[PDB]
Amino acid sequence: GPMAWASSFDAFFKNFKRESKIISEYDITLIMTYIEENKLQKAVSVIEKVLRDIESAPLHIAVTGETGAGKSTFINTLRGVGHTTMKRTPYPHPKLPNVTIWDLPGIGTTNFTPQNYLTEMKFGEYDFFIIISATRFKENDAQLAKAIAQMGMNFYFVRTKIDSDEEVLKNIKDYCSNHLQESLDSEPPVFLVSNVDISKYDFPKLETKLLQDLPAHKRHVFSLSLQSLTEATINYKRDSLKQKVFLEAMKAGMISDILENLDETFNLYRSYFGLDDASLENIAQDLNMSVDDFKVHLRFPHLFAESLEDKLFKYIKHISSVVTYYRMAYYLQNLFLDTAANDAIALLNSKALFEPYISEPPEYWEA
């Protein structure tokens, strides 16, 4: 009953990295206590509210520094795009409407003190600041960082690196910031980021830190904002989506019918992982084959083809083992999310992997 529901709620969220949890440790213990006290309406009301804040979370990121190719590329990276100003300029995310990346002019190109620069750029609107440079950070930049901390807000230093398509990283950091820990006195990190490959240098560490520092309810929309170009960014999306459908199942209490209603949800999920038709049709042409003949080696198109009801029956018993059960819609969504994430990971090395499926199976499904 309620006690087993509560203990199954607790065990589920222990399987996820700290920085990817879409609800706080406080809200977890809260929902547990209410369920244990059998205040079931109160618990559902809390879960509903949590889901409300996750789905409507705005994300406003201020990117401040000198103009140039590296800065524009990083702003596009935060919009999920792979391509003498004195005003800030908004750049809305093309796929998430609640997300806006702001281009702020470098403080050195204005006549503003740190405090007046921040009020001119309406600092209270943002979730955090990225202070970005292509060369070396100046005393200017360190005093702006100091002024942001004194507002009670977060900043991160990003140095962009021109690339073509270890020792380089250590040398660039000695060049770009050997005077930062003088002006600031706590030691701030610098994140080196490649202008071509988000897998390189410090960008994986940056996504992890930004997630860790954000409020729990904003982690979902941030994890979705980045393009599915590395195993790390795919898995942050996978784990965040899996938590969300579990919360939906917790608040809620003919497989072909259920599948047909999830059809729009399944297409949303495909777009998150880069498996929309257009993305797949493009990979198929680079491989010189029918897109229909391409998808034969992906697991997600034939996932719901031993009869399906028996496979699902056995799937549900594995997911239940470390009993609490949920609606069939929860298990189908969870299964589809693991299958699509695995297919997107395999396509990161598409052509070398054809040498019947190129992806790993979703756990507990085909065994």
Contents of the next structure:
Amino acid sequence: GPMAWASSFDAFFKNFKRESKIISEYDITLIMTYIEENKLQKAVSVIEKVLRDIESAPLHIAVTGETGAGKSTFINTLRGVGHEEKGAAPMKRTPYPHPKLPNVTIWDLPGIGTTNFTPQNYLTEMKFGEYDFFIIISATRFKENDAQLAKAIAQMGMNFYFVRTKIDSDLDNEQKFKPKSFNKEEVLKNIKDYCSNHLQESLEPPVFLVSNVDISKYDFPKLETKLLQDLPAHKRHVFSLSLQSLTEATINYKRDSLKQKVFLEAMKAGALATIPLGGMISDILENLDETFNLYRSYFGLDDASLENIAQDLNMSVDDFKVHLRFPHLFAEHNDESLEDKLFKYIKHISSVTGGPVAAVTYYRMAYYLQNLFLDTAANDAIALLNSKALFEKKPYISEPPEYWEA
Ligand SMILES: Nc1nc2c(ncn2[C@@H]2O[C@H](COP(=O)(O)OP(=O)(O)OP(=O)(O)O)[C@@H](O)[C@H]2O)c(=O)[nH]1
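Other form of same protein, the form deposited with guanosine-5'-triphosphate (GTP) bound, not the form deposited without guanosine-5'-triphosphate (GTP):
First the chain shown before, then all remaining chains and molecules of the complex.
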């Protein structure tokens, strides 16, 4: 009933990292209020409007800094674009669209130094209101011009982040200079402290030390997390989708964002009192074909993406796929029927956010099929990060999706 529905909605969202939740805690409170008050149409109306906002949300990122700071490489790295390809970044602001997400654009802004504007006049010239946040980039030490731009951005109620690039080169130079006494943490601390302490003379700012050529190292993961934390809840979905599938943390940000979105879609469609039947499963899988291929694209599991990984393993994409779970997820194994496996899965998924006493809330079969595919795709993408080492020891290289096996 309504109280079971509200509690299982609450239980579902409690399982996610704060920076990953695609609805706000007020959104949750209002949906729970309406459900508990039997205002079901109002609750569905909130969910519909939340989903429309999530699906239409644009993401506009301004990247500013002087020349030689790695700005073009950073803009390309953000988008997953090779330095060679069409749309790669090599006066006036220049847009760089995301290659795979229409609503996402990274803007190359000329450094305020190379102009003669005040901070406030710089912001108005570059059209400050179009952006969700600003990245201020340097490969050295940030000039007072940048502390003043940040102060101007902040006084306008927007977010900025100082990003110090080329940290890998400075570490490499120090290790070669002082191989007996090299202390990576001391170098990083000395660089961060200098930037932080000098920027503060005009502001303590978040400073992130990064290598533009490896988004998995140094402070780049902490930067992605902070950017997620600071965005409005509804924009975290498009931001998560824009990330590279290059770390476990980023794959899981995508996995968690998509799982929340399909749960909200399930809510909008309506709770069910009984487990959905399986007589039509092949037909539901067929209706979901386009969606499953979209999910494969999000996680880098489409056939074209698998080409790169299969060659580096010196094997065919086909032999590679043998050891991934998503290709035969829905195919019978061990002479167990798919609908009997799905029935056990649904009882597991529903007792997690439901417990053993309250009435159990079920959703349409398509919800469980999408949820299962997302966990499988994400687990396959994670295994891809470490496929060489996994291949040597362990028939699938990936972990099974939660609750599917028994
Ligand atoms: N090791 C390392 N190389 C980098 C990094 N950032 C950029 N590069 C390299 O530096 C070269 C380009 O240098 P820059 O001209 O200073 O930066 P850019 O990417 O061209 O962008 P601009 O700021 O407009 O000059 C390319 O070879 C990049 O591969 C970094 O963080 N680490």
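Superpose the two forms; the largest set of C-alphas matching within 1.5 Å is the rigid core. Positions refer to the first chain, counted from 1.
- Superposing the two forms on their core leaves just one of 265, 110, 98, 290 with a Cα displacement of at least 2 Å between the two forms, namely 290.
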